[PDB]
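The data below hold one chain only, encoded as structure tokens and taken in the form deposited without the ligand.
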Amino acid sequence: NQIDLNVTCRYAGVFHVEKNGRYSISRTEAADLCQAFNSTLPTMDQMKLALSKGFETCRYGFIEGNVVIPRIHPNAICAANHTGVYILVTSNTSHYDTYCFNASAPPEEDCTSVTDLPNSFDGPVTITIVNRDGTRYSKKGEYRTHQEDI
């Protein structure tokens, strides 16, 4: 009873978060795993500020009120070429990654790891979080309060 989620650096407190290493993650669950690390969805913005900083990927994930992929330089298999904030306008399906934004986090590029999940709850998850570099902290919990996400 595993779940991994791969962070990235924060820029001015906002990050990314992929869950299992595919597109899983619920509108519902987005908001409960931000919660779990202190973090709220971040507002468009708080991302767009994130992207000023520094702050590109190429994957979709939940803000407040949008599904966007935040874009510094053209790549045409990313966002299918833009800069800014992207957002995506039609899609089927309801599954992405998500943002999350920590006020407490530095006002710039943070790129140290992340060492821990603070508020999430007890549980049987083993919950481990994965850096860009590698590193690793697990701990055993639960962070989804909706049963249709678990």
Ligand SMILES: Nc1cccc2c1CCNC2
Given for the second form:
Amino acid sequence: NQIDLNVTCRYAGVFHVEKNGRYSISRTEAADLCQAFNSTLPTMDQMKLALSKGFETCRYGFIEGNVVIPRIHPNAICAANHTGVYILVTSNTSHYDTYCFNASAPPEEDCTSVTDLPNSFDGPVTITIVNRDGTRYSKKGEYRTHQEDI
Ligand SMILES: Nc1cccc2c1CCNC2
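Same protein, different condition: the form deposited without the ligand was shown, now please give the form deposited with the ligand bound.
Complete assembly follows, chain above in first position.
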């Protein structure tokens, strides 16, 4: 009973989280996941500032109100060669990664590893934070508050 949370560097507080390295987070789960990180879904403005500090991914993830990909460099296989905060317009499906925003983070690029999920609650799941450099932190707990998400 195990969940990997793959996390990125923070840029102006904003970071990307993949559950098990595959699109698999609903909009309700995303809010709960950010909450467990003492974080919120970013606003578009917060995401634009993160972008300006060096944040890009090649993954769809929730922000507050939209599903987006932050892009600095044009890449044909990432948001169809767009740059800026690319907004997903048309999709059949409801599950993506998520972005989160932690106000207490440094103001620019923070590529130190994440070594806690400070606000997870008591639960049965072995949750493992996986950093991009492979550093891991695990704890037993839960973050999902919606039965539909479990
Ligand atoms: N950020 C991160 C950490 C561990 C694994 C993976 C990522 C993002 C890209 N997908 C794998």
